[PDB]
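**Student:** Given next are the chains, with one letter for each unit.
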Amino acid sequence: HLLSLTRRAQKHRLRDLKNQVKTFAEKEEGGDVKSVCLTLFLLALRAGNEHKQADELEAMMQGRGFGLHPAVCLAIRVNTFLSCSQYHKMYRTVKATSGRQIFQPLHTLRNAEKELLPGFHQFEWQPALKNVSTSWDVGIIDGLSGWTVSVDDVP
Amino acid sequence: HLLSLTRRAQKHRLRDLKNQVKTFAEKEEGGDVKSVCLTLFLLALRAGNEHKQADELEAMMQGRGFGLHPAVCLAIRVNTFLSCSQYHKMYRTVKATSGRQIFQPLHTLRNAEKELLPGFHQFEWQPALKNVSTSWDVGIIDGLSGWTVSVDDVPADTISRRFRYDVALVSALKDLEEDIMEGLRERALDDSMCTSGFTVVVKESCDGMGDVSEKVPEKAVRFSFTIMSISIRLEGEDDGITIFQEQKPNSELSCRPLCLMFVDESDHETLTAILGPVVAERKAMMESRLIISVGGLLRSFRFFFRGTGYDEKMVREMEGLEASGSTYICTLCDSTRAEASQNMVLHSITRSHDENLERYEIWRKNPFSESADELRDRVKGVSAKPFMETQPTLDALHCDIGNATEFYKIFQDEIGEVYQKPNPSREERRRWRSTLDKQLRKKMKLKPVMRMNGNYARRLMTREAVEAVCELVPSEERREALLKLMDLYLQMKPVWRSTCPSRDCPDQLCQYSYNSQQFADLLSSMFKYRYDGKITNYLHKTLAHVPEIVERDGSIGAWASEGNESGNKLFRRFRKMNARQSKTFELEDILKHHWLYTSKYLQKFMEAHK
Ligand SMILES: [Ca+2]
Ligand SMILES: [Zn+2]
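Chain order of the listed sequences is A and C. For what it's worth, the entry's author numbering labels the leading residue of the first sequence as 414, then goes sequentially. Residues 414 to 628, 635 to 1029 in the entry's author numbering are what the second sequence spells out, letter by letter.
Honestly, I wouldn't trust all of these hints.
Claimed, not checked - Some chain C residues judged to face chain A by a derived CB distance under 8 Å, without partners named:
no., residue
1, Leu415
2, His425
3, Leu427
4, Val434
5, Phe454
6, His464
7, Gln466
8, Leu470
9, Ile489
10, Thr493
11, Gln499
12, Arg505
Calculated from the structure, these hints are not laboratory results. Note that beta-carbon positions come from the ideal geometry of N, C-alpha and C, so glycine has one too.
Next up, chain A with everything else stripped away, as it sits in the complex:
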């Protein structure tokens, strides 16, 4: 079996096959040796339904994503109701195993949405709004809106 054989035995077992493939590739594609034998693999695997093999091979070759945009992750975390600490646990656990780190750490989520949250973009009005302050970078304010806290009054 040419699977567990050394390099140069598979070499001279398949010299004629690789010669025929290189000749055909030079005949039709200018000579790109790699892309032909890569699609040979494409179709050879997709014959038996193991589409999973084909995906991970198109995963390696100029892959889209080792990793995810940090926004997609922040979104993942908030949309799976993940505790911050649990997600961090997961991040450490999924990074230590086969991790090139994929998920972003937590502290990069915290500055990632400073764009998603309110009070960020600059804006204005004309004519200037009435009875509304013009400061535009005010984030989350508690709604009491200036309650004159002394006790004896309406509390």
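Once you have looked at the hints, place chain C with the ligands on chain A.
**Tutor:** Quick look at chain C with the ligands alone, frame taken from chain A:
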């Protein structure tokens, strides 16, 4: 470019080269089209000096499969209370975006788990176990155990779920197959040889839980066991050679649940009905020897069980003793309350299972025709029949709580004058409590608790907090006194709370005799007003039986029941997140999910090299 066309486009171009490669593969390599192209491409990649991708594809179709192993995935699903549907949203999410899916689908988690749960690996008990079926594949069984449900009898109302005991044993031990073989190799012991001489020591714990905010009573009970140590016996002359000893026995992550019921601890009727088959298994398993395929070979184990994780309420309940302000305070010794304020230290361990059985006989047959109080005295507190054997042992954690509530009550008394005024009212007690609580908040920063949990007792039994309330007590002798008291207590504390005192604190053991004696003498002297004839029972256990127990049973605190108590916390979160939703299915689901949570194989991946 061939990278731009459709796959039908491709086939219809590259048909003839596919035919050529298939025919040559037939005549020379066995007809293997797949491998012949894999190693072809692999060698054309190694033509360029593109070594790194040649390696990625080299480790890609062998050994490791997909991005991260399924078991690592099941484990993360478990270790984060991730709902099945939450997990699929994430799966779709991370897969659709840049994948190369990494996580595995649910139905492969659901198919790769049956390796972790009980009821999967084969075994055989030699000799045959007593009154236990021989099928080795029982999974989760419902605990009623064939109850004759007809209405007119006692009703089979109570819901329960449970494994068969031995199957859970074998599953958690084949889980420990990794570490036992690593212990076998690390010691450089023989592997194929010395297969029938293993020895396992197993701590089991039981406990119930009140005010389970259900979603029949509120209280729930959880019955669990833990693998303490594994040592070796073959081939003779010597003793048990330890191979494995639990590094963190007190942890929750090492506490394996077996049975869950929606029952209260109090009704004895329902508790014994459910937990009976279990007692017979333990008693029936003590004799036989286990035969398991471990480390590649069939091998034979023997067992020693140590029931130590019970609280005293249940320890005394489960042993026929009367509870709990009884005259016979000690579970180990026979002194009354009076006899426990007189003599603090000189005592000898007596109580066990079998004598309790015979003395119950003395109580039931009544061969000497004695009156009640004296039949009470001949048996020395043996009234009800023991149904279950528990090591006569002390629990660490609740001992700390008792001494902490006593010192809290003592501090409340000392702030005011209790040895001046021997009869105060409740007003001064609440009043004394109020200045203590204010003093505790200003100094040490600890708000009060309705009840002193263990961590507040760790912060309580320290010298600074004590000197912040010593400053309230005006007399300088009572002050210096309880301060010397606190110091003596702090020297003898790490003796019982440690895993192995013979190694971690040998010196407190050597002066333990003297340190406990000086504690008891100074208490009796400068406190006779309070400790005339009424002492609590943990104080007894700790002034009479600790050196003897820890010398006898090579370690203490390592067997407390804390590990199981804090796990109820997780039980609670598992009733919140993974509800079935049904009581019928829901206990089974908790057990399933919690058994997985407590596996070690999955905890090796939870660490991932820290
Ligand atoms: Ca308890
Ligand atoms: Zn005793």
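**Student:** Looking at the structure, which of the earlier hints fail to hold?
**Tutor:** Result: hints 2, 6, 12 break, sorted rising.
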